[PDB]
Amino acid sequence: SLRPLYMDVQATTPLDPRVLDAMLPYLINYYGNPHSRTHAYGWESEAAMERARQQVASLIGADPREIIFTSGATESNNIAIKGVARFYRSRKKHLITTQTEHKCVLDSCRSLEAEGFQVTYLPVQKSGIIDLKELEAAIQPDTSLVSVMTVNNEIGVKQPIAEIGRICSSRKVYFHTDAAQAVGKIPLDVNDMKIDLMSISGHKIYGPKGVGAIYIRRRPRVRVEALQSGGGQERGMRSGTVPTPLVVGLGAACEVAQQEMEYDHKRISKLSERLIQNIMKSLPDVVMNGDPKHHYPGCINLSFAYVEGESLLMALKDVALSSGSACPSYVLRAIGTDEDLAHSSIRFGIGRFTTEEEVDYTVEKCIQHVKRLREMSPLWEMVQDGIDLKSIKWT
C-alpha cells in the first residue's frame, strides 16, 4: 500500500543520492582494507579514507589529524566522556553535563559515577537553555570535562556553545559537545567556539548508518584514554578496521552539507514557520516546547493539550513522526513541562528533502485528528464544562 510521509529526520535521515553515489565504488570494486599497506587495493582505500577525513575536518574548521572515525555519535560520546575522565583520573574526578543530554552522554556519566567519579547534571531553564552563570559556578578544581550538546534531538534548542567554550578555555577545563544534530545544519567552527572534543553522526546528516567521528583537539593537546583495544588504528584512539565505504559516505555527507547548509537553513526555516503557525492558528492549547529564539527550525516539538501523544501518532497514520523521543520524556520534565502535557507532545522533523506539500498535509491531518481525539477525551469534556482539572483527586 501507499507509504507514509517521512517527518522524522531527527531519528535518522535518508541517504543523499550524492552520498550513495560516492560510496558505491567502495562497495563494488575498491573493497580493500585501508590498513593493507602493501598493495593498490589498500592504497586506494587508504586514500579514500584520508580524503573523507579532510572533508569532515573542513566542515568544522579542524585539521584532519584531529578527526577519528567511529561507528556513530554514541561511540564518540563514550570516547569523549569516559576517555577524558579516565585519562585525568589521577588528578580530576568531577564532570559537568546537563539534564537534557542524549542518553549516551547521561548513561556514560552514570557509569562513571559507579567508577567513583562525581558528576553534576546541570538543570536547564524553561527555554531548554542552560544558565551560563550556573555553569561557571559548578566548575570545581578537580573538574576535568564539561559536555553540552549543540542542538537537542527532542526539542531542537541551541546551547550557547561558543560562550561555554569561553568559560571552559579560561579555566583549562576540556569542553566536549555532542553535535550530532547540529553538524551540516548550523555553522560549527572548533576554534571560534573553543571546542576540545565533538561528536558527529553520519546518519543525522544524510550519510550512512554505522559511522561517525570524534574531533579531538591537538593544540592545545587534549588527551583521551582509548576505549576500544586493538592494533592501534586511528592514531591508537579507535582500533579496528576503518570501514572505507562508510567513512567515504560520511565525508561526502559533510562536503554536501558544507555546500547546502545555507540553502537548507533558509528553506527549512520557512517550512518550519509555516508548520508551527498554521497549526497554532487552527487549534487552541498548542504549546511549543523550547525557546524559538535559540532553536534549530528542523526540530519542532509541540504539546496538544487533552490528547495523549501516542494516540495522535496512531491517528496520523500516514505520517512518520515521534513522541517523547530520544532522536515520559526526561527532556520535557527538565524544562518544567507538566507531566500530562509531556504525555501530549509530538516531534515533527523537517529536513533537506521535505516538501511544502508534505508540511501542509501533515498540518491538515494534525488539526483534524487533534480535534477528533479531543472529542474522545474526558479531559477536554471536563474543561469544556468549566471543570478545573487541577482540582480533581485522581486514580
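We call the rigid core whatever largest set of C-alpha positions still superposes within 1.5 Å between the two forms. Numbering follows the first chain given and starts at 1. First, how it differs from the form deposited in another entry.
For the residue set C168, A305, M261, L275, core-aligned C-alpha shifts between the two forms reach 2 angstroms or more at a single site, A305. After superposing the rigid core, the Cα of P141 is displaced by less than 2 Å between the two forms.
Once the rigid core is overlaid between the two forms, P284 counts among the residues whose Cα shifts by 2 Å or more.
Once both forms are overlaid on the rigid core, the distance between the two CA positions of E375 between the two forms is 2 angstroms or more.
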Given for the second form:
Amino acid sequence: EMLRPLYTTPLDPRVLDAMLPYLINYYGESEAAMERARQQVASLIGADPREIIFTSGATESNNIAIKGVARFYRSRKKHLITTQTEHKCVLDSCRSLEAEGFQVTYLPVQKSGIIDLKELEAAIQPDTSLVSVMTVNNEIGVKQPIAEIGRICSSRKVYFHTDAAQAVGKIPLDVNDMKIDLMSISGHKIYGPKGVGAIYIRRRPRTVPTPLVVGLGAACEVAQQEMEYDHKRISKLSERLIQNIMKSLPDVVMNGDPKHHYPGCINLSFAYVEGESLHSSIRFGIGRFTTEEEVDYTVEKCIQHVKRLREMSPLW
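Having seen the form deposited in one PDB entry, the form deposited in another entry:
No partners, no molecules, just the chain.
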C-alpha cells in the first residue's frame, strides 16, 4: 500500500453503509428514503425540505437553474451575469444561451480570486434576469462574498444562483443569511456517490435512482456532523504542507487573498519551473481522509522535483 501525491472524493463508509440496502433492492424506490434525503440536504444548507430537488449532478442543477430562469424570461429579460472562471458546465450553458439570443457578461476575477462587488453591482441592467456566481473558486481556493452578492441581488429584485459544488460541506452555508435563490450541489464532492446532485429553489418570501439520492442525503448529514472537525483537521494539514514547503523553498508564494481561504484547496506558484508530473501554479488538495503521510510525501516529492527542475535550467 503506497501513497499518491495531493495532485473527486472518496466514498465515506457511512454513506455507502447508508445506501447498501437500497442498492440491494434496486437491481433484480422509496418515497420515505427520498424524503429523508431531502430533509438531510435541506438541513445542511439551512433550507426547508420542500425546497430540495434531486438531479443527476451539479451539472444538471446548473442547467436547470440558469437555463430555467433565462428561458422563462426570454420575453423582456435576456441578460445574465456570471463569472469567466466558473465550471465548464456553467460556461457551456451560458454559451448555449448566448447562441439562443441571450446577452451574457462574464465578470473577471481579481488577482485574489474574489469577484469585484463594485463591478458586479455596476453590471446589473434593467433587463437582467439571473446572476450566477460560484460559491468558492476551486482553483485558487478562495471564497466569494456570497452573502453580499445575495444582499445586492435581493436589494435589486434579481434572482441569485450559486454553484456550491466545491463549497457545500466544506464551508458553512445558510441559504437565508446569504439571500440565495438557487443553489447547485454535487454528491461526489462531499464524499457521496457519483451520478447524483441537488438544487435548492427558494420558496419563501425573503428520475435519479434511489440509492444515489440516499447517498447524497447521507453525505450531507455526515458533512453537517463533521464540518468543524474536518475544518480544523484540514486547516492543520494545509498549514503543515504550506509551512513545510516555505521552509525549504524561500521563493514560493501562495495565490489568493488570505483570510478568505477555504482550507481544502491550496494553490502555490513556483518561480522558474512548471509542469510537474508525478506564470503557472499547482493546486494541492487536502480532504477528510488525507493523512499526514500523504502531506509529507507530497512535500518531499514536490521539493525534490522543484530542486531538480531548477538545477536543469541554466540561470542564476
